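A.B. asks: The primary structure of each chain is shown beneath.
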Amino acid sequence: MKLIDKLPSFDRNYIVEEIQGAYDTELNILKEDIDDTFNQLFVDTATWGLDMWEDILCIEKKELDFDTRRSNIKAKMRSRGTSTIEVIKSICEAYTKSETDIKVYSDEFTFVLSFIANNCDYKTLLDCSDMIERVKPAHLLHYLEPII
Amino acid sequence: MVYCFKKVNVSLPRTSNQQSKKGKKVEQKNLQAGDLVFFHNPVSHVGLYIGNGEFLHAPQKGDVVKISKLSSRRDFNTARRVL
Amino acid sequence: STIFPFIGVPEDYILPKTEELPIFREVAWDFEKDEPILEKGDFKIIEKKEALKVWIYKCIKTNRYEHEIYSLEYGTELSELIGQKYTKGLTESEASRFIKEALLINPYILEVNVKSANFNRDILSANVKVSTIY
Amino acid sequence: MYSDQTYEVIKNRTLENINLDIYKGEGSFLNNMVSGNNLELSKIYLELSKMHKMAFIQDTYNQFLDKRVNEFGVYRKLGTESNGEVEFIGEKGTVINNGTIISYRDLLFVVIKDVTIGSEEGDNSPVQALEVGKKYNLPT
Amino acid sequence: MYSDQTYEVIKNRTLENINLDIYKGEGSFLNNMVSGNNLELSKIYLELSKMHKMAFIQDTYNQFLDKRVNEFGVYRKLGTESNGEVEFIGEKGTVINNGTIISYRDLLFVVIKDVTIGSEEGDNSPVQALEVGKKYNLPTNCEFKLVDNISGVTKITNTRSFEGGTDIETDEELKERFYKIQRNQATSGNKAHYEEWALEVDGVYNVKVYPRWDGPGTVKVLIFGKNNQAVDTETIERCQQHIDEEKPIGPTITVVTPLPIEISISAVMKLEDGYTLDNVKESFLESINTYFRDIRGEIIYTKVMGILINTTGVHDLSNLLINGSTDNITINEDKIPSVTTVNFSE
Amino acid sequence: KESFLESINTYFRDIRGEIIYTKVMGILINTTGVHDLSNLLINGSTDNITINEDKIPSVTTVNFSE
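Chains as they are written, first to last, in PDB author numbering: chain l, 1 to 148; chain b, 499 to 581; chain j, 2 to 135; chain h, 1 to 140; chain e, 1 to 346; chain v, 281 to 346.
In isolation and in its complexed conformation, chain l is listed as follows:
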């Protein structure tokens, strides 16, 4: 009903109509596939292209949910480079999906993260805590303070 409009008006017989409709459907499928492939480029949108980031970030693990893999990718790509108070707190925000406030006690050499764990699983929070442990300074002490 779209490809047939490119032909002269004597081509309106049913044979030509069927032949052109087949290629109409084929072109629709191809455009949908191209759009899906483009969507697969970005981290947030990608579902079946998620694994191909693992080859570039050396994640080398299996997970069942797409969201968890996306979050690990975001963590690996955030924790690189600088490791300061605000950026670490923002990484913890990204994991816990809520705002996090870090209170530091220089005399006690201990920092505490205060945040919201309404939508954050305790096991996910523990994974975030372990990653923060391996990014945080060794001498400093960490405590998790989820405020539901």
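No lab work stands behind these hints: they were computed from the structure.
The beta-carbon is built from N, C-alpha and C at its ideal position, and this holds for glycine as well.
Be a bit skeptical, because a hint or two may be false.
[Stated by the list, open to error] Partner residues are not named here, just some residues of chain l that face chain e (Cβ under 8 Å, in silico):
id, residue
1, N28
2, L30
3, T84
4, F109
Fit chains b, j, h, e and v to the known structure of chain l by using the hints.
C.D. replies: For chains b, j, h, e and v alone, kept in the frame of chain l given last:
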């Protein structure tokens, strides 16, 4: 100064004699912080002018990097700016 | 070992023998209902002048610059004459020129003549003679 | 090469691939059937060319650039409206409450603090721009 | 999805989508036309696959690795210039100005010092290559020709080989380095940073880091010598000063050394073709040291048997004795096993 | 058991000639989860098993006792 200006993406000739041939000419009264000062006709050592009549350089073998007063160098020849 | 001092490769300098045009063949068409014709559960292929009739019919029926798929030389301009946009003599001359120039692009067609032309009521009639290699 | 791939080249190659005895030329049945979707493929090749350009970070336009930087965590900085102080001169006792809007040229500003003309605390009250921008930094 | 759509599948789908009484099959009008179109149709899917592969720099040197590593901060290296010194033989009183240019065949070099022949400073002046590349790593005793003629000079040569010339960093090395850096987790002050700062130092082959060993603000650095041996006091001192230079301001670093355990190992083994007892011994040494650093508790006879048997070059083992017995040897606190002797019989 | 069957299947694929007992206990100890092992017996004995021509060993019964 090769190292210092490479740290700010400024490539300079390895030898100070050629370094004299780079950049706009600078006068002694128009000397500002960051300028390069050359004194003897052979530039055995070039200084980095930091203003206030002082400049940083490596004097020679047996000496160490320190801050020198410009007036104590009667042999001033020319100056260049590359920043 | 030996250098080749010409542009390209020895393969590009082999010239295929020039021969007569291959026999003109085309899918059969039904003018009364404007449909291709099926025979024994497949398309029916005709030869020589019948195929030329199909091609001429299709060429005359289309407009020159309307469709993107075609080049600037395919089709006719007979739609510009509808409604008496020109005087009768100018319309006759232009119709003859349009038909000749439209049909002559086919290498299988040698010459075209538009001979008789009569205005009766709102109808314009003409006779066209086409000479081919067959 | 995507630029080299054009409607004419695609059509010519497709016609050459087909192994039929019939005549293949402009105005033929087979040519008419094949043409129409090759033009669409030539259309598609240009979008395919543009996709890899809009994928990267160096040239990501506006929205996809925002998505990529938000992946990196960097957020675009929005402006902050200007702050200033004006004086009100008139009859003693006139009361100018908060939320009152003053205007210079076509720019609009809001009075922050309640101020009374001729009062002891003064006739000067804070002024805040209603919209962000460097154009609101009015001179004296 | 692009891989899912293949030539045969799309051809069949197109053929089935036509609901007409005509015939579809080998040597048919519709079949031939459909196949001729579907070839060009599937070309696009193949190109889409290749495009996706290039985008995520999987293989075959896709030109997008440079932009991705620029995204990730990695930079290629153009190499460093070769450096050296040459001797000026000529008339006394002739001065060679700083910046005088000379050449070695196609290569070219510049003089770095104002040198005068016959002087009390000698006739030697440092010389640096104008361009990067390992080709400028000159050998010794080379004759240098001056591009610009200066009177008083006769011969210019170097007493020893030029060094330092290096080529631009090739792309494979760039990819490998990017992969290794991505495997590493380098963050401000973390345990991995302590490990890295410790391994940079000589005399340290293994690093273990103990946070908050003496309460908050205390880091215990456990370093190991070659073959998991004790680290000497001077080496401990240099490691301590290096970490102190690289430790954050406020923490306190304490370093201790392990104490060895002497173990006698002996076995009868059969070697595969093309290997010798020395190779087996050295590979066993490395593997047993690796097993030593990770172990806690007691050394295990059967783990040792497995590690020895997995060693490349050993087709069989028999008569394996750890300290003259086939029993587990308990490792106590502040004690680490240390290989002492390797008695192997073929 | 599953990891050991996988490893021993790969081994039996790659081994020419007679079977090797020490490789067997090596591939058994490397199998994840094995802290120690003793009394490893193949077909009622610890000896090497010779494989005749046109013959490929297959795992039939695995009796593991903790």
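A.B. asks: So, l:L30 near chain e? Judge it on the closest CB pair being under 8 Å.
C.D. replies: 7 Å, holds
A.B. asks: Just to be careful: measuring from the Cβ of l:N28 to every Cβ in chain e, is the smallest value less than 8 Å?
C.D. replies: Violated: closest Cβ of chain e sits about 12 Å from l:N28, beyond 8 Å.
A.B. asks: For the hint on l:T84, just tell me whether its beta-carbon gets within less than 8 Å of chain e.
C.D. replies: At about 7 Å, which falls below the 8 Å cut-off, the nearest Cβ of chain e leaves the hint on l:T84 intact, so it holds.
A.B. asks: Let's test the interface hint: is any C-beta of chain e closer than 8 Å to that of l:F109?
C.D. replies: Since the shortest Cβ distance to chain e is 3 Å, the answer is holds.
The structure fails hint 1 only (numbered hints given earlier).
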